[PDB]
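Shown next as structure tokens: one chain only, the form solved without this ligand.
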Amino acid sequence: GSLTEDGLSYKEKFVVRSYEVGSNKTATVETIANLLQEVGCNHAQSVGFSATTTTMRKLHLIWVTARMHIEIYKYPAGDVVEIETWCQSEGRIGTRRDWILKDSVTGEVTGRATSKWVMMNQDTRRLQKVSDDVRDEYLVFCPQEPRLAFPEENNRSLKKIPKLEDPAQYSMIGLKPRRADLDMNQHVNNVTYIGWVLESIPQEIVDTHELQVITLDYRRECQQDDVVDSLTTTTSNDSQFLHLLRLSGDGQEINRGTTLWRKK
């Protein structure tokens, strides 16, 4: 894995592992999400991060995921998959990180993703707009012209996700994160919330359909000692669902999103 010739993006190849695939012998959506996350960690490291600047570490600010959008066309089965990631400023809202998944053999694009990141205070959990001086510190590592993965006029990543009404059609109650789900800072990995959202999708839908799109807004972080409830409702060959992750007790909303499924 290394930065491209200009140094404004990063590339990395991955061989799909045995424990990374599902019932259809192809890489699960959580494995793909982990590979996108891994390539983004190494891009921050290659340009000198450990991804907070010296100014961000002084004021106690961190980058947090606010929205994640992942569209897959072909899930890699032993296959080699190369991912090209890059970041771009989104004015004073925050940052945007895009990915392009390509099959290393056929060279075709087998998927792509985009995420919106915001600047949150490490301790008070309070959000704030990216100040001018902090913004230009990472501008030197971003393409100046707009390079989006999803350039489409009314693209399916900038649409507002509604709140699921009760009763939910499907549900999966009592979901708790384990030590494997926690990261190096002891927080529940963002990829775990993707797997929790999909736990409410029926087994019949998973066995007769494949996941094409997944848009997910991160509202609140799930602490290790918290228990979640996953809810789903069909809103529609293609099938659409409305998802909502919320705490078991107080019913505190932690996530909301939508998924699109295509026939096999």
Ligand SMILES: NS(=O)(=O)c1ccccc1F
The other form holds:
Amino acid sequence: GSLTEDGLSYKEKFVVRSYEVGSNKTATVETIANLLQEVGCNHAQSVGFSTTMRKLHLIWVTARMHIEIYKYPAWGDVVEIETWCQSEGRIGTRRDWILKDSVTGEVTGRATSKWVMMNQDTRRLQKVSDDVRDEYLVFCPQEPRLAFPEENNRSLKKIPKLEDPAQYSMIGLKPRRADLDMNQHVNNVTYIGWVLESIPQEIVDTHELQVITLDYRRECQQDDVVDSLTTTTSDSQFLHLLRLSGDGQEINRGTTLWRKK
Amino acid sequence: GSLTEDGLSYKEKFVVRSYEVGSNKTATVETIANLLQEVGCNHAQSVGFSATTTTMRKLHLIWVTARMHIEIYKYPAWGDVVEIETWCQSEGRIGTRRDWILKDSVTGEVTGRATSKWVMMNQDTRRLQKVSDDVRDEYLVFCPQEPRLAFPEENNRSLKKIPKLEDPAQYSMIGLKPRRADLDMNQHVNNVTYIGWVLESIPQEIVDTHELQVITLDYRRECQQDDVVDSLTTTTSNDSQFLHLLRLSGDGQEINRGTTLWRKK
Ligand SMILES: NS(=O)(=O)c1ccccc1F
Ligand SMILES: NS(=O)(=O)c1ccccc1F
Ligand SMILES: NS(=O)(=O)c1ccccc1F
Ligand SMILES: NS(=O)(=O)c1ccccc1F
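Return the structure block for the form solved in complex with this ligand; the form solved without this ligand was the one displayed.
Now the full complex is given, and it begins with the chain already shown.
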């Protein structure tokens, strides 16, 4: 991969792997999500960032992830992904992505993520300071560059809390070592897989996932156990909730949109 | 990737990904195992295979893994390039074997090696059979004629008999279930998930203070999508060795057994 000519964005090509595809012989949404995280980490490395504010014990954390896929790439196909960041004042930052078929050059998908500033110890959120905002802006486009430009778009919709009883459920989900990152935290993509576990297999077999919006409220520790809840709100639409198996503490909520194959 | 000059083996380079590494900032053994499976599948595609030959397909016959043996000297770091060479060989009527050599692309040194034993089985009845002469003929043309072993040694670890763990196990991890990401394109649990499940019953302290050097895993029975597994481990031993057993959470039916060797970091 490499930064573009202006140095304000980053592109990388990936060849789809055999173990990365599902029953349709095309990449799963978790393979897509992993590739988005990888090109994001590679963009961070290219401009000197770690996966000045380290002394204050301050980190960026994901609050929301929104992904829309038009075509999933097949095993052996090449996918090109362009990514870039932008500041949103004191709320936090945003990382966007565009996915293209390397052969046709057509847009096959797009994604956007909202990130907030928090203390690594204490987990307390904060507004972004001017000192941080200054050294961040030099690696971003100055004029707004949105993967989802449309006024009143799906990526900015408020998500409601699922009411008991859920229509569907998958209980007792636990992360294994493969679900952790190099810093021993559960990888954000595992939460997507856990959300989708409560979708019935018949919907998976007859529909393709088109849109997924996921809010990240609280981290799942290594020794925690999660319950995945899903209720049909409708094309098929679902409302999702991930909560701790015991006390019911919310870790995530989201929505998915599926189209008939 | 590409087949070598003689067309009897296949090489491929991989750049290690951020989500593929562990706490040591180096690839996990499951990332290594996935790369071995990927270069194997790419070698199959390069010479016109699904691993089923044209004769196996009509008879609903498939190759299935019976044993996987991996030895790692150095795990590659995030951003490093690893080169993997793979090849197959027939073992008469017992079945076939797929071997691999892992090298650092920069230094050219061997950083690891692996070997796997495969048996012929009917896809539907799950009944094993000996390799027919007709299948051995169209297989041989894609393999080296002279023996080429990743583990040549006279007393190598890859061919050792594995005993069954006795209750009570020293360590255990209970109620493990595959999720959709653990399945392959054919909806079967990916062989690498079983490695992850075996390692789940190793205490976190051993992981934190030791590097895994050798793993030998026997595959007795497949875990279905709706099955639940228990992972059991007992210390058998500066080097630490363990005996492993994966069995169904209910009736205790054995799915896998194996051994691991770990060295102090
Ligand atoms: N925004 S992120 O952390 O790169 C991310 C990527 C993919 C899935 C979920 C995520 F949160
Ligand atoms: N914070 S970050 O994801 O390392 C980053 C990487 C590249 C450009 C701007 C950024 F903010
Ligand atoms: N021999 S195999 O199927 O390529 C394989 C690769 C990696 C782990 C376990 C395995 F069984
Ligand atoms: N059976 S297989 O894994 O498709 C195979 C691939 C390449 C060479 C020889 C082989 F036997």
